[PDB]
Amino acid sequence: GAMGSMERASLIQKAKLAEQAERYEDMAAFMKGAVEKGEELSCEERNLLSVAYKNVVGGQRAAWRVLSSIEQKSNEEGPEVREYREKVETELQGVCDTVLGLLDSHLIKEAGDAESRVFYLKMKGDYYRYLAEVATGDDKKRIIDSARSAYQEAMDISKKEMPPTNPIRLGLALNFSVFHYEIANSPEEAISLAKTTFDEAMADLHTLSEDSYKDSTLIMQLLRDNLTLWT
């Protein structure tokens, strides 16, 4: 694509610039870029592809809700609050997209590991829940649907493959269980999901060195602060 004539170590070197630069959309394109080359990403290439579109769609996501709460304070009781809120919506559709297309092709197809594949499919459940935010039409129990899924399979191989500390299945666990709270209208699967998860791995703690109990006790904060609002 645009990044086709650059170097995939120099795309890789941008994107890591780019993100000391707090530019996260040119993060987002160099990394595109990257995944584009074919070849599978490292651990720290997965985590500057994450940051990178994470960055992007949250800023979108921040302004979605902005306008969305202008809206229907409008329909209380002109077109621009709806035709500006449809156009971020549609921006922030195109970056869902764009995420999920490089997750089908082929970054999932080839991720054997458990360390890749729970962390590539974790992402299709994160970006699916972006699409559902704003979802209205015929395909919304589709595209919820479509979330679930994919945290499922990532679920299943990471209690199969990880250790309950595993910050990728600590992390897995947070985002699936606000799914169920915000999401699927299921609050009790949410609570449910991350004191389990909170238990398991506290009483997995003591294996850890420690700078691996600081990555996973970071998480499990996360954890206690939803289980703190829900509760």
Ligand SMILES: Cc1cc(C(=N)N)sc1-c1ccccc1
Second form
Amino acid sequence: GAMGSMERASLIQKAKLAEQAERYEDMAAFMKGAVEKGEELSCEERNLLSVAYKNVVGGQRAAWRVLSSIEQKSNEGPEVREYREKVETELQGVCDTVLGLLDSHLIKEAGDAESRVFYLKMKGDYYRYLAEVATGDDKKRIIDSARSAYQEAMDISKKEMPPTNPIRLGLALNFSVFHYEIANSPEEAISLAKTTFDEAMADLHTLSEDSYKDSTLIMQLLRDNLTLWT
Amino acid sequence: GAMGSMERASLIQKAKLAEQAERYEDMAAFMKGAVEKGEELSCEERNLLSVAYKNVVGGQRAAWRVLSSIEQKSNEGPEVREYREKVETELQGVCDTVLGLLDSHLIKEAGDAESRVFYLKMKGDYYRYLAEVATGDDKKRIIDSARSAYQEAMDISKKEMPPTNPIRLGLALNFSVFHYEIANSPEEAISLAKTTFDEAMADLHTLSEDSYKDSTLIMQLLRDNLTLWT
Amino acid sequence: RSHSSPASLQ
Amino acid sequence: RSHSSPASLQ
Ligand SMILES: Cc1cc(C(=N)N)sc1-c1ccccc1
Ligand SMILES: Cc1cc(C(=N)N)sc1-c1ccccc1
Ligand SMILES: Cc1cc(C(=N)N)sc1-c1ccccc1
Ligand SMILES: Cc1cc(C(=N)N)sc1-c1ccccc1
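Following the display of the form solved without the ligand, present the structure of the form deposited with the ligand bound.
Now the full complex is given, and it begins with the chain already shown.
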């Protein structure tokens, strides 16, 4: 499967090398190969998967935004539209690839809260990225798929994880972005970010120095957004 | 030829769009497509070609250096070597692609000094990049191919261009890097950079404000290297 | 413009 | 470590 002949351990090692070399397309292909071996992923390996694809899709989203801006300017030749469509299509394929890995079969095999919440968050994230470029007939159903993934992950995280858990915090952060940027629900976005921040603050006293640093890092992002949004 | 069905003008327009979106692999494919239309390139178009490939090969050289460093550390499993070899091979193919475009048929059709020197400089540059990763039996012949390309470009530039011409200056700069980094000739590198800088300085009085800015920008790079090298 | 989560979460 | 030419030259 491009990577079907390489050992799982070698794929993981090369993913780590590509990260060091900032070769994120390679890193993604390696981690896709690792996932397709069929074994569950460790916490470190789930983070490698997320890092790889987030960087790949991140460059595509930035390109798409530059081009969409030019295209909107141009209607204030078909080339700008054609090339925005090319980038858009490549973004959608990356998102479809990640969603396919989650659906076949990472989520259904994830029984622990840390793995299951991580993967459901990712599912929400990649539907959100699809939503960012979607325009109609599917735009509503894509939004509803992101919302549903995020909501299931929130319910699990509230039952199973402490309020300072970095996965729980990154989840709540991204759901609040979803509310503000995608769902036209800025009040929900602000409420969630506030409630999330305040409940984590009240749980910080239970953490070690290194866990405190992990949690407060994400809390600051919630605060940065609240400053932007209010 | 991937791009054979697209209009030359549309390829150039999309190259400019990809530059804005920092999509340099796309930009390179577009400019490769434009070159393969068979028409000579304007000054603007030669610069688009150079920008696209220099950014693509630039990311590969940076990755290769990270990986080669790890590999050398590792000998102070085959994965590090295997993955450095993969990146190296992709770099060599990019360099071979550019060299093929110059040889088929940009250089032979370039009659003006500004075009012919630009293309011969590029030929030297891409053999220099091949030299950076070469190791033996071919390493000497690759070095000699870079030297030869640079030397022909220098001879033309000295006959046909003023000492402040930015192409002449960028040529002399890169040849001096070649001498220092590739050819183990630091004294030649330093001499060339000094002579190049001093002869440009004595010609600056002939330039307009905007040309003065163009020339002094490259002269500063010569000075930065002299500071590094002495 | 809104900040989202880093990819890597402990 | 040595600086080389920008890609674009006027
Ligand atoms: C937090 C993190 C980031 C990683 C990366 N970007 N390579 S790997 C990782 C991790 C997670 C759990 C246990 C050990 C390491
Ligand atoms: C962090 C935080 C907690 C808040 C609360 N529920 N009391 S309001 C808030 C905030 C609001 C606007 C700008 C920056 C921070
Ligand atoms: C200097 C330069 C840089 C360019 C770029 N990076 N897109 S296009 C260009 C040029 C050259 C000659 C005449 C008009 C424009
Ligand atoms: C620019 C320049 C010109 C020189 C000359 N031929 N006189 S020496 C020089 C230089 C040397 C060392 C460090 C920085 C600059």
